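**Student:** So you can see what is in the structure, the chains are spelled out below.
2 protein chains.
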Amino acid sequence: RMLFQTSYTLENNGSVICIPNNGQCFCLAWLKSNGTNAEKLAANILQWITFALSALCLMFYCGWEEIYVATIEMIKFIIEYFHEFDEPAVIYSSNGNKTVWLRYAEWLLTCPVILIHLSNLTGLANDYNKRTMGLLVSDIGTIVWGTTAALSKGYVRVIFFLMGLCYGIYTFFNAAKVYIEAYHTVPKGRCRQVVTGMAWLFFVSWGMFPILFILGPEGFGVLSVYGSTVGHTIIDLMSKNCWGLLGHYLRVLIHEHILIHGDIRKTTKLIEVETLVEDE
Amino acid sequence: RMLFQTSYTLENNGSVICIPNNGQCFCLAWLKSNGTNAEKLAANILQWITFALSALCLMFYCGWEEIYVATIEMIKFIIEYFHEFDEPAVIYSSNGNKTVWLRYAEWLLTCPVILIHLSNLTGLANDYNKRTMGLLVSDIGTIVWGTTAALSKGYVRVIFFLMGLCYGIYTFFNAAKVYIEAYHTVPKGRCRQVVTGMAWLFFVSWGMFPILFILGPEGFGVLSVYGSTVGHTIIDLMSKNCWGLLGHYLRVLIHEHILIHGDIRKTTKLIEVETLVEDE
Ligand SMILES: *C/C=C(C)/C=C/C=C(C)/C=C/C1=C(C)CCCC1(C)C
Ligand SMILES: *C/C=C(C)/C=C/C=C(C)/C=C/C1=C(C)CCCC1(C)C
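Chains as they are written, first to last, in the deposited numbering: chain A, 49 to 109, 118 to 326, 333 to 342; chain A', 49 to 109, 118 to 326, 333 to 342. A prime marks a further copy of an entry chain.
Extracted from the complex, chain A is given alone in its bound form:
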């Protein structure tokens, strides 16, 4: 069923593998199961769901960040639906790895844009500062190292994962300051509840990715690839759809505030944050 060699004969009491000279690549590790049909189904359902609300979110939705990830997201399901396990949505490499490049490519496409969104939670500003650049670079870095880790094996996989981890820690800390700052920047009411919710959504969801990597085929293989897919789809849901929804909601709330009360700032000490207020 694959576009690589899946059919083969064992010869010489299993010491030889004979293959059609058909120009197809071959490897046993590639034929290993992606997981149970139940996990498969759980995976396909969740994908349809995230596709469904990515479409719903897109229908419903500058605010460009979230339409951008929703566009990437439903683009990705289009690929998943038709080619999820075709090279190179999955990369079957010469070391036997199956690396879900669809996932890592998606992260590359969406994470910086989420971080850009995070860097401007209010949506008001020509915000972007040095912090934001660090957020972006550290995060692209973690994805590159993680992807490299996924593509690797043994010690070097460990090294790259650890490099990704160091970049990730840097990203989380940076994101945290941003969330802390945003909390004190936005109006005292509901806006601070959703910033808080976004922080939670963000750190749990984003923190789950290295956990999933550790658990997945790229790690200690406690999760099958379907299992990994299931997990990733849940935290995709959280990190892309739910977070972006809150983020959109936060922005609507800020705008409505800005519209009704004007844009009024009172300096608060943390670095200094220009807090939104209702009155003079």
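The hints are simulated quantities; they were obtained by calculation from the structure and are not laboratory data. Honestly, I wouldn't trust all of these hints.
Dumping the calculated BS3-like pairs for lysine-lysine here, alpha-carbon to alpha-carbon at most 27 angstroms [what the hints assert, rightly or not]:
#, chain 1, residue 1, chain 2, residue 2
1, A, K325, A, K233
2, A, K322, A, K244
3, A, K325, A, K244
4, A, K186, A, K322
5, A', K322, A, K186
6, A, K233, A', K322
7, A, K186, A, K233
8, A, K322, A', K186
9, A, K80, A, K209
10, A', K244, A', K325
11, A, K322, A, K233
12, A', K209, A, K209
13, A', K244, A', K233
14, A', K233, A', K322
15, A', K322, A', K244
16, A, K209, A', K80
17, A, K80, A', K209
18, A', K80, A', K209
19, A', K233, A, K186
20, A', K325, A', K186
21, A, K88, A, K209
22, A', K233, A', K325
23, A, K186, A', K186
24, A', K88, A', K209
We have chain A; now place chain A' with the ligands onto it with these hints.
**Tutor:** For chain A' with the ligands alone, kept in the frame of chain A given last:
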């Protein structure tokens, strides 16, 4: 010599390939030559050279952008020197592709940081605006599509390359406005010469990458992988080392200007640019 299967027997008048059942992956396309020994040598020399001046640049060199790419750059040579063709510095995939993930990973790590630098050529500002974010997203996008294109074959490779191309065009246009703006922002003298030089360095160098892709194994294979390596090393030199040098030079010049004359702006019309001037 490779960590995949390179040794094999043709059986049944060449219709069967028999392989040791040793758990190694096998594919004929992987064994195809990387190129001539001359191209190999040209490649190894150029790599040592860029390594050498990346070290020299690093020794010589916030100005964080250029130390960051120089760090990535000499990190990459460390890998190249030891593992250039080992999975996954090169990805040998089940469709037969050899995809130079070292290169694409490097681009992911360095290009946004170059673009961040470009977005703040003077080094003065807490610059970063919406434009910069577009620069970053479009460029990460072109690399993702190009990498995906490299990993792919036929029509889908064409599609992704074309998607990368569309993102790239967007990036070039954006970069152009930035260069245009920077030219009119920096002091009238030598600072505008190097901005001009940087623009040239940038558009020629960066424009050569899709050309190289088109010419390379990922494209119409007019260049061998060594040939591709040679080409990429030249435009790496241009885009990373030479550009960053100019960029560093530009910043030193701006600072010296700022120090001597102060920071004095006169608004010029293009969008409005706050031009650096020497006197009131
Ligand atoms: C929508 C997708 C998102 C928000 C993905 C985020 C992914 C990460 C934060 C990945 C992090 C990783 C580490 C922190 C360690 C290295 C391995 C990774 C790539 C899984
Ligand atoms: C230091 C490395 C640099 C500056 C690399 C830049 C690479 C590009 C601008 C690649 C561009 C591509 C396209 C514009 C079309 C799609 C294929 C690519 C990825 C080669």
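**Student:** With reference to the structure, classify each hint as holding or not holding.
**Tutor:** Outcome of the hint check:
1. A:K325 - A:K233: holds (13 angstroms)
2. A:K322 - A:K244: At roughly 12 angstroms apart (the allowed maximum being 27 angstroms), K244 of chain A and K322 of chain A satisfy the hint.
3. A:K325 - A:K244: holds (15 angstroms)
4. A:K186 - A:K322: Satisfied, since the Cα-Cα distance of roughly 23 angstroms is no more than 27 angstroms.
5. A':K322 - A:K186: Holds - the C-alpha atoms of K186 of chain A and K322 of chain A' are around 25 angstroms apart, at most 27 angstroms.
6. A:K233 - A':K322: Measuring from Cα to Cα gives roughly 35 angstroms; hence the hint is violated.
7. A:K186 - A:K233: Since the Cα atoms of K186 of chain A and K233 of chain A sit roughly 13 angstroms apart, the hinted pair holds (cutoff 27 angstroms).
8. A:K322 - A':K186: holds (25 angstroms)
9. A:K80 - A:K209: holds (16 angstroms)
10. A':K244 - A':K325: holds (15 angstroms)
11. A:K322 - A:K233: Roughly 19 angstroms between the alpha carbons, so the hint for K322 of chain A and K233 of chain A holds.
12. A':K209 - A:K209: Answer holds: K209 of chain A' to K209 of chain A is near 26 angstroms, not above 27 angstroms.
13. A':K244 - A':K233: holds (18 angstroms)
14. A':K233 - A':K322: holds (19 angstroms)
15. A':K322 - A':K244: Within the cut-off at roughly 12 angstroms; holds.
16. A:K209 - A':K80: Holds, at roughly 24 angstroms.
17. A:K80 - A':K209: Satisfied, since the Cα-Cα distance of roughly 24 angstroms is no more than 27 angstroms.
18. A':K80 - A':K209: holds (16 angstroms)
19. A':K233 - A:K186: It holds: about 21 angstroms lies between the C-alpha atoms, which stays within 27 angstroms.
20. A':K325 - A':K186: Satisfied, since the Cα-Cα distance of roughly 19 angstroms is no more than 27 angstroms.
21. A:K88 - A:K209: With a Cα-Cα distance of about 25 angstroms, the restraint between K88 of chain A and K209 of chain A holds, given a limit of 27 angstroms.
22. A':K233 - A':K325: holds (13 angstroms)
23. A:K186 - A':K186: Answer holds: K186 of chain A to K186 of chain A' is near 14 angstroms, not above 27 angstroms.
24. A':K88 - A':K209: holds (25 angstroms)
The structure is inconsistent with hint 6 alone, although it conforms to all the rest.
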